[PDB]
Every structure is written in structure tokens, then in C-alpha cells.
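Consider the single chain below, provided in C-alpha cells and representing the form solved without this ligand.
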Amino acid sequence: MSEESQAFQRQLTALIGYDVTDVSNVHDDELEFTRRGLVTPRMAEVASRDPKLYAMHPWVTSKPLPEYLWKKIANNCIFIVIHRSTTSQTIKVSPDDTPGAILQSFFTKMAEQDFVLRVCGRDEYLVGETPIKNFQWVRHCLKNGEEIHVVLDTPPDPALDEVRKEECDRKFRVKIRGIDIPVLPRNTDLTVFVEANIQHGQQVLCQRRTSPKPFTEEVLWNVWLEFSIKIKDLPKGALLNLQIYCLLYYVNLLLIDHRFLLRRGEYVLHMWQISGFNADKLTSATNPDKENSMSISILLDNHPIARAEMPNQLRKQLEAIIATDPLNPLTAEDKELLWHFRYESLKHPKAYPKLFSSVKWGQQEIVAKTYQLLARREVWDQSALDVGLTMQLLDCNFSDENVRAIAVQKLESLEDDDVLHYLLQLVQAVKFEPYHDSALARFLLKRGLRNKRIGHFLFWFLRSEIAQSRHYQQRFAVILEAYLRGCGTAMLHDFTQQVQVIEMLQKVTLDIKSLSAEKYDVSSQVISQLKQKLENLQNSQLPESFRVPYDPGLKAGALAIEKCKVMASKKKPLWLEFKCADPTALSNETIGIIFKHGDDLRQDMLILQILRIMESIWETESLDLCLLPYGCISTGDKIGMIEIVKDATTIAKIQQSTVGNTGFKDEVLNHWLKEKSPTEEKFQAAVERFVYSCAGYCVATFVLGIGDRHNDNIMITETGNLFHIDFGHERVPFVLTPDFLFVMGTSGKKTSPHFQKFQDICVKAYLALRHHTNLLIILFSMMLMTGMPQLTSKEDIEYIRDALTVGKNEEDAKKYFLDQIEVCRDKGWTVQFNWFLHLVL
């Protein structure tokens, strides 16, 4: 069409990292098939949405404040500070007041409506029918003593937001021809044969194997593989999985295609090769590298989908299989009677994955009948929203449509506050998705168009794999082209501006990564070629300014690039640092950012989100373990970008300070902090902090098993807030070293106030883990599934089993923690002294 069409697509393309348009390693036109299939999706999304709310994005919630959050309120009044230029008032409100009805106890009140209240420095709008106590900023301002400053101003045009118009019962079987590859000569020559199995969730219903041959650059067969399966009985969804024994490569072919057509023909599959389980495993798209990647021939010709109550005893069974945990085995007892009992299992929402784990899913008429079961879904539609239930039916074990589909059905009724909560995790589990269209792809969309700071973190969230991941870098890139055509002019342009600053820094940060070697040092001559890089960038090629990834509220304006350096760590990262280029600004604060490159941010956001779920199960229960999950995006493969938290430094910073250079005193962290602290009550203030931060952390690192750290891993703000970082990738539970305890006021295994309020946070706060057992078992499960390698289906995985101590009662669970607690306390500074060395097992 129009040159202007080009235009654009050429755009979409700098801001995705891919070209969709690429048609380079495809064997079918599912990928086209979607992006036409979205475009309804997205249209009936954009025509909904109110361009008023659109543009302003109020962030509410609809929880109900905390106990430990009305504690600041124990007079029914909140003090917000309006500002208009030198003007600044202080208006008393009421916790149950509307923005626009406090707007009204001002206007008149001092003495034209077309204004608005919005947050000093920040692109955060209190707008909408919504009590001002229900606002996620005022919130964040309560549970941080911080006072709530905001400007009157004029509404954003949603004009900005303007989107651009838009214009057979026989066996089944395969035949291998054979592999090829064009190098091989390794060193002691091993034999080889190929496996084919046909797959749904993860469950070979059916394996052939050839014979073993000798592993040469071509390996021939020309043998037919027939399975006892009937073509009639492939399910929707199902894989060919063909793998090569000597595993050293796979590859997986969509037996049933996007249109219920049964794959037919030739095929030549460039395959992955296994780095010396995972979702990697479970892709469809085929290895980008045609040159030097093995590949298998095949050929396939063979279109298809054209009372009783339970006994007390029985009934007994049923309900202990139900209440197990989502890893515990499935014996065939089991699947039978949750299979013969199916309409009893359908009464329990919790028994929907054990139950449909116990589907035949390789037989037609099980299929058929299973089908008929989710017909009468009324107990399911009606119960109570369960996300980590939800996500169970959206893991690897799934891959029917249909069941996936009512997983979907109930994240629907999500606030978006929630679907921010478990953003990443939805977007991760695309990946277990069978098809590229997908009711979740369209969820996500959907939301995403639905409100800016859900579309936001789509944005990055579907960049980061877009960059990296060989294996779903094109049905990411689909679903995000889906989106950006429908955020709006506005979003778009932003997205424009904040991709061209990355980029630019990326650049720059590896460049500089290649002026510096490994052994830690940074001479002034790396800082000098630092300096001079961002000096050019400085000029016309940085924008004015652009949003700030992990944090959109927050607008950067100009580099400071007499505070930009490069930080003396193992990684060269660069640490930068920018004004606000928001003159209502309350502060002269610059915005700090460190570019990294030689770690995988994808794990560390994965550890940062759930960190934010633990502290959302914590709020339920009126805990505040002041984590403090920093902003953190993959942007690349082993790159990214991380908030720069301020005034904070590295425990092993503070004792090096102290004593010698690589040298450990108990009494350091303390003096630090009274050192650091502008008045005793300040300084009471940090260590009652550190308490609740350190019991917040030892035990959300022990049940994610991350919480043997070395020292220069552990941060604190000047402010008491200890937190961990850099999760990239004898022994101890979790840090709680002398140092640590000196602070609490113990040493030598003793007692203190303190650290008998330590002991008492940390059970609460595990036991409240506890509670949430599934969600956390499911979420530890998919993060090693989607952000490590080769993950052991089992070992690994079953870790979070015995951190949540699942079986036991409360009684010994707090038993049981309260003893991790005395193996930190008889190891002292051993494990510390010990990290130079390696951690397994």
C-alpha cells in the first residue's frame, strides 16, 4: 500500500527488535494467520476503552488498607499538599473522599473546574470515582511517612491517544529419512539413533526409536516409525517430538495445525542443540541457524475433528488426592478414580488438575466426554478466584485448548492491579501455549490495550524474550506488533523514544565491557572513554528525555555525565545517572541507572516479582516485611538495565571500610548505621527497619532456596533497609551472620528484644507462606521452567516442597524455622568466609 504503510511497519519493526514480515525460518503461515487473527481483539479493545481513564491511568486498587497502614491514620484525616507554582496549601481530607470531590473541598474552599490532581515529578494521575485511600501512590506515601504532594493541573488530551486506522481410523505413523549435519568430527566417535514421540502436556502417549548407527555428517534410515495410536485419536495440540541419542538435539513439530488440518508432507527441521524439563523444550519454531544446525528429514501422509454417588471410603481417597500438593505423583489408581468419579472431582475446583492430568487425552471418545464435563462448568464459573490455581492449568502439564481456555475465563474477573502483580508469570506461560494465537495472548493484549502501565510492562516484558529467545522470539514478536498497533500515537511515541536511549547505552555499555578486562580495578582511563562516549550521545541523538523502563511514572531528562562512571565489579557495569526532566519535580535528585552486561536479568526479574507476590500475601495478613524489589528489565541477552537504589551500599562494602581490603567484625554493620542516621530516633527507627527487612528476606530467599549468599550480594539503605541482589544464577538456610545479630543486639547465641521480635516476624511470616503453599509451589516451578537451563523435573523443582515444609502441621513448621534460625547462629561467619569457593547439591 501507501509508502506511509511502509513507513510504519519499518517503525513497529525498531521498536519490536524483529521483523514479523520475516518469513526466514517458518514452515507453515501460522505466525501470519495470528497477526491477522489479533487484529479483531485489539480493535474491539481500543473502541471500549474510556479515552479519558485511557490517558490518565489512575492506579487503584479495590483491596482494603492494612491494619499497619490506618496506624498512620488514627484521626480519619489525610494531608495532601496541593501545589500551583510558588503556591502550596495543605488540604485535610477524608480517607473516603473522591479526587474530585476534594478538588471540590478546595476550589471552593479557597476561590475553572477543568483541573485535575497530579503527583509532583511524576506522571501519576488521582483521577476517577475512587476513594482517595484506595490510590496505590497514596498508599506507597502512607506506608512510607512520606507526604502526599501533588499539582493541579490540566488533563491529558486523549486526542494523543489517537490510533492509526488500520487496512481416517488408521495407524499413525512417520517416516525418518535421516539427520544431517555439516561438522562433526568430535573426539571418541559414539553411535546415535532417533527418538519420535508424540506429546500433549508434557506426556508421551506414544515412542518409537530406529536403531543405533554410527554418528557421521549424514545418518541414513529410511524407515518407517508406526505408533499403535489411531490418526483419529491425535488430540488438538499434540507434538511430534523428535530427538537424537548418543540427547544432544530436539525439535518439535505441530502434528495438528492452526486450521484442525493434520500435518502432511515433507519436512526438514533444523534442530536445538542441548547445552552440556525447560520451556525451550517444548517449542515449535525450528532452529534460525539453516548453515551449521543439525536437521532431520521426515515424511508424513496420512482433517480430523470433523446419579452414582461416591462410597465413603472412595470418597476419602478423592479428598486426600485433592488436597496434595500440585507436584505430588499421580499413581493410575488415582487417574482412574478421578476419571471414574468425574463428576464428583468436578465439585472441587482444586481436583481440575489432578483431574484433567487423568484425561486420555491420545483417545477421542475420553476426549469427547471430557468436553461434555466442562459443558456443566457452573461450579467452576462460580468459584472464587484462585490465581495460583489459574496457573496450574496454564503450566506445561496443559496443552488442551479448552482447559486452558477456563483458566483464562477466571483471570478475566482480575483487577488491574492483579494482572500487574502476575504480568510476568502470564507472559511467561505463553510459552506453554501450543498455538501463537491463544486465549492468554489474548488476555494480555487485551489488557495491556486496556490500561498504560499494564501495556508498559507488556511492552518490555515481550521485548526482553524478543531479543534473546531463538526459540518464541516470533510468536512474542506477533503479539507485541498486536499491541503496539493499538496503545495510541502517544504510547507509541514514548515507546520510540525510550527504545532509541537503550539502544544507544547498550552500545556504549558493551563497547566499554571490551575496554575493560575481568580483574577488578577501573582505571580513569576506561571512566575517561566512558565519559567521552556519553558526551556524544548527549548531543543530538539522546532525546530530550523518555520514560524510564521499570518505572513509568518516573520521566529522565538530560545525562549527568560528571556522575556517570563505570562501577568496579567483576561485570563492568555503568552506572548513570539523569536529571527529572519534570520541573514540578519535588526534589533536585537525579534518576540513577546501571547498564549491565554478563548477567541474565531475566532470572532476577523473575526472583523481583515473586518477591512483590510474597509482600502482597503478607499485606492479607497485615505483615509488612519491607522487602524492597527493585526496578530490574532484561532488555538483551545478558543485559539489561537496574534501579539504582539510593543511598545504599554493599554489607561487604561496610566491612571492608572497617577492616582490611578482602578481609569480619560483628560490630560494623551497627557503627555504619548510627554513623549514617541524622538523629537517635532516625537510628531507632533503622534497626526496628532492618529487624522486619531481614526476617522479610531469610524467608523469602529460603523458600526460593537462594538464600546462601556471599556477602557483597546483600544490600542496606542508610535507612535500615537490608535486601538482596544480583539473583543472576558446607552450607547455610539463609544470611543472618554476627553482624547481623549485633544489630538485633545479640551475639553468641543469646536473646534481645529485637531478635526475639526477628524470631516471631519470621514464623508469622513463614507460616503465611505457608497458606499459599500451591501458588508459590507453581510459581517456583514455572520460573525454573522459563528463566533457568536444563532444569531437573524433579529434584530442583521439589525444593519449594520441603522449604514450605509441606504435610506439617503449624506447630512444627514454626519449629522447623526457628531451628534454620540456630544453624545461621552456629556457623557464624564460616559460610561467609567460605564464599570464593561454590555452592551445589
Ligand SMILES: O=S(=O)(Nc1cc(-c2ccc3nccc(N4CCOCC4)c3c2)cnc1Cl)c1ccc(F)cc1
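C-alpha atoms forming the largest set that superposes within 1.5 Å between two forms make up the rigid core. Positions refer to the first chain, counted from 1. What changes on going to the form solved in complex with this ligand:
Looking at 636, 631, 557, 288 after a core superposition between the two forms, you find that only 636 has a C-alpha shift of 2 Å or more. Once the rigid core is used as the reference frame, the Cα position of residue 65 differs between the two forms by less than 2 Å. After superposition on the rigid core, displacement of the C-alpha of residue 792 between the two forms amounts to 2 Å or more.
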Second form
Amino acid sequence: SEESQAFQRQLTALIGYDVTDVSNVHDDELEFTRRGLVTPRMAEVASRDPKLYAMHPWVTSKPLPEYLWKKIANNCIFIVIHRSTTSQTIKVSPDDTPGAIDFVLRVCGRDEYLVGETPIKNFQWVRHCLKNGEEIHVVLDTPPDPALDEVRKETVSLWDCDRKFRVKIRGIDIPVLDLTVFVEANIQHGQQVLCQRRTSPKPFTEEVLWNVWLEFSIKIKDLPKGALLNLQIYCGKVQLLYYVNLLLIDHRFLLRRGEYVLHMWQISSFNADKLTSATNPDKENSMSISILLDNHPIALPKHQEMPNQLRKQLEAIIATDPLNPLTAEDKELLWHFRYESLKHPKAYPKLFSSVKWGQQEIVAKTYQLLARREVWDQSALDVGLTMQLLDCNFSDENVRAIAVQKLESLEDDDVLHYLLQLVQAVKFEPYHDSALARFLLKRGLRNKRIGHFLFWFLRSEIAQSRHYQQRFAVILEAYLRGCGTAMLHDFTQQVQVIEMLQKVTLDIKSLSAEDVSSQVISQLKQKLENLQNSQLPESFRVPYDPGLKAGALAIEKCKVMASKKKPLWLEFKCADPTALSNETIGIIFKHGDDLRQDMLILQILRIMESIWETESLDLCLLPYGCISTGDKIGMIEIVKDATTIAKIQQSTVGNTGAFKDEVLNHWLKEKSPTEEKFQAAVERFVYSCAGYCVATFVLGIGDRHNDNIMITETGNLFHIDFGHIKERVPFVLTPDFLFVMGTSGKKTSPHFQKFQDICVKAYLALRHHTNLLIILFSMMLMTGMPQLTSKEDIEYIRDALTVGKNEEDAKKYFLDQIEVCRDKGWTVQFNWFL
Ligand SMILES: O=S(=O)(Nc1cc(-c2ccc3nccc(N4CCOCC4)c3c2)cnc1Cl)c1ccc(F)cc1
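Structure of the form solved in complex with this ligand, please, following the form solved without this ligand?
Below is the whole assembly, all chains and molecules, this chain first.
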């Protein structure tokens, strides 16, 4: 039809990629995945309560922390319900379910609802108000129409083959380039290379032919599902220059066969891009390789105590961190005591790394082993452990599926906490259709807030990653076909706004030399007025805060920043008349940088906060909204009432940097209305500073120049610009920070004794989740930093978290770091200014 044609055109423009396109395939996996995702979409759509879907209550079933209880007025919270101009105020108790006080309670100025069978202490908006110490303002409203969510009507056994595996390398071709070059062919399973063959070296001409069979030692019957033929091109120590990958057992369990011309990826170690089954879309410029797979259709089938010192050796092995390398001795031990090891969920990652995946009978015993998993199925969810099983070390669908099984029990509050890393982990899936892809699909469709962030996270990777754009596009399409017309319209509006603003960023960045022109400010405001009538939708959801709807631009307040990437400083009015403010919505619109590294670090900061909540600590971090939106384009939340530490020094002192200890402290008092609020500022500063000292040490991003650090007018310290990373320093504890606490060079202050108190406790709390943080750190580097990441980069966090050390000793180690910062004073800060 035509209605079912212009709708795909709509899907395409929302997705940023054409999913029906077959210009860059060599089998039908992508198309097979589209048809396969119809079923899980349908089930989730059909079983979601239409009413609860449309109001999307954002709820938690976690306990209310000790830091929030001490801020109640003894078992009583205040809720202001609203008329038109006036308002009524109700006395409430934390257990009063929405219905205890048709009509619905919508938060003033936000598409956020207080509805459903949960106590009001179990709402995030309520806990937000309580955290910042603000009154809850709501409106008696009409529930939205679920009709707006309406969804438009949518043979030889392999184990019977003793032949050794063989692949014919016909040769390579490249339109443009000289030394010597050879092709390496690896049977891979995860990062585990099972068998390796090389060709003879040949001269590197624009076309090089071999026509040789490479006979491997692995038999066909021993090929596991998810095994990759990985083809690499080395020039000559040698050097890797091109790689492509091909699945040996395709999506139907059929062995791969016939002719292949694969266009290959260029090189700029452990990196997610290296594992992709996607071929290079750049048909014109990219190197290709011509191969022949030949062996009748062959299909893989599906299937239907110990001594003292050894138990101890095994337990020591199970105890070690996820980055502790297993020796052959350890693996052989784990596998032999297979069934003892299965009694310990913590042993699953190491045990499944003890499996000889290239030996058919071993795999069979491994699948037998998984069939007997009462203990695994019974234990409480550990995200750490579960994440470990989704990383690049595991390619077995069954192994990976028992990880996804655990995630299924995750409450929506926590999916949101791990969504970004979960979406990144799709890049570790051998096949386009995986249990994890389906999990993300149905959790997103069950919940408008997960689905909103799912959209952007997926879209972020489609726009700037060729290596996985096809896979993420299919999954995104499957999502959009279930999210419902009311969300398709939001997405459409958001896409239009950022596409429009992009154009304005482009032409403006070119009109400036490498400060800021005066004409240019008027030139920007000129084009922004041009938009306000043009075709700009006069209300769109804020990508990083889907509660807020933005309306008209506040043109007068809009400017180009003094940064040499010339980002746009934009302000918007809230489209909601029910808003009881006036404060504009401030968004930084940036080109030049890829915001994905920033997204990752910030999300990890959030994870660190929720970690700290389990131990009733609130280190007042400020992880501001930051959404990559397109290719090298995104938005950043403007934090109100904030300035950079550096600018505070350029206000009292001046240019070069004769830094003074007092300058921060009396900046605080001049922005403090009273002594009452000034102390709360010093209070907020002690916590903030403690959070960012700990967080950044662990992540190894603590040494920042002080224009990249900010403070709010109420004490809240917070770091910025994470997407960038001699004598070193563990973090930033400069004298101006230290004097706010009341110390100079070598002393101890009451507020400082608190800083040391909170850090030590925050640090040790993180250490109780060593495994989880190690795994998120590993995954971050492998999927987020195109840094050809090494073990040594990863095994930094082993140092930072003082693995294998007692608590006493870990307290000492960090306290040394504090003292290291003291010794340097201003040496590192001045050193940047070269
Ligand atoms: O504008 S940027 O190009 N990008 C960017 C901005 C922010 C950010 C987030 C929230 C903010 N809230 C309030 C005020 C901000 N300002 C930043 C400094 O200039 C004054 C205004 C905020 C900035 C965070 N991360 C990045 Cl990558 C940039 C600018 C200066 C820097 F030193 C490095 C980066």
C-alpha cells in the first residue's frame, strides 16, 4: 500500500537508518530478525495495562534511605493540590496510596503522574522533592486517552561430519593503496581463538590472489553456535590493518556455504567493533576479501565428594576478581569439579570460561550442566555477576540467556539504571536476534520512560557507529512499531527540533575565527527567530528529561558560548501553563564532540549514587542530563545557578593564576542569602566534594583542570566534560576547596574530619561492589572508548579499588591519596597553562 509506505518513510527518518535496505548484506539475518521480533512486540503490547502505560507511573520498591527519613516532619508529608489560580494543602502519611487522597494527580508543569497501587513514599518525584527539600505540587486532572497509544495493525546433522574445517582464500582487492601482506583466518568463540591458519606472505598490490585452501585442525562437528570466522590482513614485527567477520553457523543453525566478497574495516585490541558481523558499507573505498566456504546442507542439532586443600584451592579461585586471569590449572580444576562449582553462583563466569568450546562433547556436558541449575534459578539477582555473563567473554546463547533470565526479575527503576550498559552489551551478541535484544524490547514497550531512553540510546549508536547500526536499527524499528502513535509523534517532534537546531549550529560555527564575534550573536538570534514561525513545533519533550515539555525559544537569552567548539546556549519556555515557575529550560546544543563517552561516565555516576543509597549515603553528585542525539551532535542540561571554579578565580584574582585559598569561600557567602543557608552550602560542598573525589579516583578521571569543575550557588560541586580522557595527582583537592572546610597546608578541621569520614565510607561502600564496578568499567572501555583498549587500561580499576586488601589497609591507601593532593597544592593546576 501507500499508507504502509509513507509510514516506513516515517520510521526511517525517526530511526536515522533505512531498515528495508539490503545494499550491505550477504544473508537474510536482519530481515529474519525483523520478522522474529514481531512476536515479542505483540505479546508485550497485548499484555500491558493501557491505562498504566499512558500515565507511566515512575515507582520504586526500594526502602527509603536513612538520609531521607531524618528530613520528615514525623510521619507526615505535605502535598499541595491545585484548583485554577488557587490551591489546597493536604496532610499525608508515607503509606497513603494515590487513591487515599475519574480524576488523577499530575505533577505541576510535568507529564508525570502519581497513580497506581503504591505508597507515595514509593514515588521518585516525591523522593526528589524530599531530597532537595521542596513541597510537592500536583493537579487534579483527566487521565490521558489510551486511544492515543493505539498501535497500527502490523539435511545432514553437523555432529555427523568428521571433515576438518576448511576455507578458501581467493584473494583481496582494494581500489587504492608498498611492502608484504598476508591473511590470517581465526575460528573464534568470544575472544577465545580456537584454531588459527595463515597464508604465505605476498606483495601488497591493489589486488592480491592466493587461491589456497586453509585447512584447520578443528572438525566441523566441533564448531559451536556463535563461532566466528575472523579474517584479518597483516602487513610486514607485523601490523594489523583490516578485519572482517563471518558467522560459521548462521541464524537457522545451518553451516555457512558458498562464495563471499566481504568489505572490510580499517584499523586506526579489546574493542567491541572487532567482533561485529557487519560488513563495511563503504563499498567504494574499503578493502574486500574473497572466500569460498564449501563442504549438501548441514544443520546443527539442539539437545534435549572432594579433598580439603582442593576445596580451598577452588574457593580461592571462585573468590578472585573478574579481571584475575585463570591459568590452565585453574580451568582444569573448575571443570573437573564442575558440579561442586555449580553450587556457587559467583563461580559461573569462571566455570564457563573453563569450557573447551571447540570440543563437541564438552559443550554437550556444559549444556547438561545448565539443565541442572536450581541454585542459579533460586538466588537473588546480582547485576554484577549477571553483567559479567553478557560481556565479550561469552558467546554461547544458553550461557548468555541465563544472565537475561535474571534481568527479567529487575524492577523498572533498575532497568533505567543499567539500560545504557545493557544496550551497549547488545554489541557482544553473536546474533542480531538474542534474548537480550528481546528483553530490552519488551521492557521498553512495557514502560514509556524506558522506551523513551531506549529510543535515544539506540539512535545514538545508529547515527555514529557503522559497526552496529544495522542491528540497532532493526531493534529500534521493532520498538517503534509497538510504542504507540502518541510516542511516535513526540519522537517526531524531538527529531525535528534537533535537526533544525543542527543546521543553525553548522552555519554559525563557520562564521567565527579560531573568541566570539558581536555580529555573530545577532546572526544566531536572527536565524532562531526565523525558526519560531518557519516549521518549528512549538512544544517538544526534553530528550534527557522526558517529563519536561519545552515550548518557545527565549531568543534574548540565547547565545553562542566562548568555547572553541562554539556550542549553542539555548533557553526555552515550558509549554505547560500549569507550571508554577518561570525559569527557562536551559539546553547546551553541541557539535564537534561524540557525547557517548560522556553518557557512559554520567550513567556510571548514577549507579554509584544508587549504590550509596543501599548504605544510606547521599554524596550529592550532580550527574546532569547529557544525550547524544545524532552524528557528533547532542544536548546537555544547563545546571541553573552554577559557575566554573576557574571563573571564580578570574573574578577576584584575574588572568594568569595567582590562586588564593579564600576566594571560593567568600564567593559562597556573597551568593548566600543568610548564614543559615550558607552552612547548608558548606554542608552540600563537603558531600559533593567527597563524592567526586571518590568517583573520579576509581574511574581514573580525577586530575582535571579547574575550568572543567563547577559549583552551584548552594554549595554543590560537580565535574563536567567527561568525554576527553608531567606529574600526576589522584583527584582535585586544591587549597580553596580545603579552606571552605577550614584548613591550610597542614592542619585538621571539624569539617575536614567529616570529609575524611565520608570519603573513607564512600570508598569502602564502592569496594563492596568491586565486581560490578570492574565489569561496568571493562564494558565502558570496550564499547565506548575507541582507544584500542588494553588490559592495562582496564586493570587500572583493580589498583584503584585495592582488590584483595583488608578494609583497614584500604582506608590507609585512600588517606594517602588525600595527602598526595595536599603536597602538590597548585603545581598541577598551573602546569596546564603552558
Ligand atoms: O559547552 S561545552 O562545550 N560542553 C559541555 C558543557 C557542560 C556543561 C553542563 C552543564 C552546565 N551547566 C551550567 C553551566 C555550564 N557552563 C560550562 C562552562 O561555561 C559556562 C556554562 C554547563 C556546562 C558539560 N559537559 C560538556 Cl562537554 C564546554 C564548555 C566549557 C568547558 F570548559 C568545557 C566544555
